[PDB]
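Next up: a single chain in structure tokens, the form solved without the ligand.
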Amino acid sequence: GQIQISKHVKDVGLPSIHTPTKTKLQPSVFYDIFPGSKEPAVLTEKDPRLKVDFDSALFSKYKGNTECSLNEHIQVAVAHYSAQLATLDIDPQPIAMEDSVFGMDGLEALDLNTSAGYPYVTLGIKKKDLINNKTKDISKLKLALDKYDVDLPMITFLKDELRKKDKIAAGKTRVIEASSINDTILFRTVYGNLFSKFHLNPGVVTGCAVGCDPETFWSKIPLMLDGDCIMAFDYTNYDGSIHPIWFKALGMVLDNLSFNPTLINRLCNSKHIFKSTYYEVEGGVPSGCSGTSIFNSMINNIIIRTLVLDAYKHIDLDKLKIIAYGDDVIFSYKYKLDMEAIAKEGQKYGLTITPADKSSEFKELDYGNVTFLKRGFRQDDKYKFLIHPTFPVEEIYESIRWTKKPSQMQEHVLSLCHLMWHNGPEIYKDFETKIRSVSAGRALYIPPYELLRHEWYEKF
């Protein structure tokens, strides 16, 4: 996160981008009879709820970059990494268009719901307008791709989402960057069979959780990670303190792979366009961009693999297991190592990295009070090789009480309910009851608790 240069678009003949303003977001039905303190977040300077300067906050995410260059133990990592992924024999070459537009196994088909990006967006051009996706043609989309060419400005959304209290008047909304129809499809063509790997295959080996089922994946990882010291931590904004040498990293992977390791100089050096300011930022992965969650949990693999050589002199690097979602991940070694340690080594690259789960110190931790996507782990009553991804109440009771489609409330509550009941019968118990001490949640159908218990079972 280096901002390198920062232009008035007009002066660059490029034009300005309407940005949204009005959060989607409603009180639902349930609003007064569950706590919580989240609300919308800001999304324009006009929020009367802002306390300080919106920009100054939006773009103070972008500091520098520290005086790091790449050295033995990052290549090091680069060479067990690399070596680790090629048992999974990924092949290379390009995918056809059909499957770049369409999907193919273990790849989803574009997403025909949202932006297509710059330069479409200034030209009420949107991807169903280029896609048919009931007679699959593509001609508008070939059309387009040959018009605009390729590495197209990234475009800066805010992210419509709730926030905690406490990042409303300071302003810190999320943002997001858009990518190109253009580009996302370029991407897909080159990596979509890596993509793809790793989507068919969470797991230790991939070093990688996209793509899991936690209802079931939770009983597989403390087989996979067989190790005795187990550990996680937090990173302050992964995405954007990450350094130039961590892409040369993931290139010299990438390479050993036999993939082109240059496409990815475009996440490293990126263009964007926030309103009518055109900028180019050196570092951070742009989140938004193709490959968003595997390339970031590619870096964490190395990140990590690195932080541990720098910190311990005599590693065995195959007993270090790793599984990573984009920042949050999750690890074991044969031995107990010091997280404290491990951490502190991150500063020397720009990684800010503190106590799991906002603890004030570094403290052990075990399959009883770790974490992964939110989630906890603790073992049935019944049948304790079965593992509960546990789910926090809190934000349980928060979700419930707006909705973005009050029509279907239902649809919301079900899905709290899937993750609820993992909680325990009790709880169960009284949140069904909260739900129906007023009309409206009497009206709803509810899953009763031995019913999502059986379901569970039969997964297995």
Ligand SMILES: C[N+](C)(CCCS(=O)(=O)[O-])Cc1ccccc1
Second form
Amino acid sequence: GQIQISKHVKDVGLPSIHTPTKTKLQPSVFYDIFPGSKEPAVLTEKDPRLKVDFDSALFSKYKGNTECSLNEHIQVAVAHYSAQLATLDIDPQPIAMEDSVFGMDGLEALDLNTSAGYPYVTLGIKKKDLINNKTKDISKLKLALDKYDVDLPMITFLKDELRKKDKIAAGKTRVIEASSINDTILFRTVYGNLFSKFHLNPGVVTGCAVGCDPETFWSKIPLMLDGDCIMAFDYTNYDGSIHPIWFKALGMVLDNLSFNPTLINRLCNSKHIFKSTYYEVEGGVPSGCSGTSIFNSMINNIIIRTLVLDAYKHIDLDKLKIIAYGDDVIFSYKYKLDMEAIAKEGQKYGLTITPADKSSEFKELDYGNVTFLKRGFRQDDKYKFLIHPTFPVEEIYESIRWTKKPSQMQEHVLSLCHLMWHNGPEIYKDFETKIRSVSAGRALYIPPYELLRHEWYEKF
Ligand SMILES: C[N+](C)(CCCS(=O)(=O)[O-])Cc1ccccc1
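Got the form solved without the ligand; any chance of the form solved in complex with the ligand too?
Below is the whole assembly, all chains and molecules, this chain first.
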């Protein structure tokens, strides 16, 4: 990520975007019932919990781009992965706008709650003002499309969420570049079929997990990654470390499929508006963007193949199975491979790869300690072939202590329970007890472990 130009919105003819300065998160009635350290992320330069300057650390993700071009290995990576995707027979033609908005098979309907982005956010216009899902009317949407066109700047929002104390004093708050609904629609009409195909085919052919249901997909992973092992690792600032060449490679893949190879460049050479500053970035991917999960996974698919070929000879790509969800990736090879060595091949590209789960060194992993989409793996008691997706109990305790909407505690709780029960009867029972220890939690409906277990078996 290299900031090319930065200037006042007034000197460019753009409005100043107003962003929430204070968190909506507040202590819930369970705050004292469960243990936790996390707290609301810093949303303003003036937060006593700070140590370093806000704007400083905030815009530190942009280290710039490392000098490097396309090599034969990347070309080979692109070639193999393309051939893999070619087996899915994806239709290159665009999709009707009616499908881009209300969805189709494999493509969820557009979220009508999130902001419409620029410039609607500055005109008081929301998505439900352009789309009438009630009568499926989108006439007003079409007008807006032709009125403001496309390739509009992205709005930078600070991510109001829970973070560890060290991220609080360090002012490390995550940003969420919000694309204009106009560009979300364009990207869906163009790539819609690809997005659809991927969502219906999470696995090793697409090398992607976007669209999967962890509850059933977890049982499949072990069968797909049928290798001599299983590897995972962490990325230090993945989004801001994606060098432009990966987009060039992504384009080639898309071109081998007969899709637009240039549109995606609007993500590489992106336009942004933080608050009163307008700027353009060269390199990196827009964090939290609308439809970038799939593109990020594809890039990772190209990266993994490259680093492997870079670190080893006599490698058989067909034997390297990959499953990615954006920057999160797990893969395997017929034979054992050194993760540390693979990691070092990333340095030349500007990718900082560290041990999985913020570990000390690059230690060997197994389905016993490996994680993916922040979930571990645990065999079911009754049926050993079914795999429980385990979510960190600590994270659940952390989440339940805060709430953004008090009158929605029932919904919040239910979500947690669906994650929780996968950790076991004893743990779930203790969770239920703590909740029901206060009148407010007693009035809540908590799904019994038997009911959750029963419903889970019927999903296979
Ligand atoms: C994926 N397996 C089929 C074999 C993995 C052997 S290992 O425990 O050494 O990673 C089953 C499995 C084993 C433990 C946990 C979750 C799944």
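Think of the rigid core as the biggest set of C-alphas that the two forms share within 1.5 Å after superposition. Positions refer to the first chain, counted from 1.
*With the two forms aligned on the rigid core, which of the residues 371, 84, 193, 290 moves its CA by 2 Å or more between these two forms?*
Flagged residue: 290.
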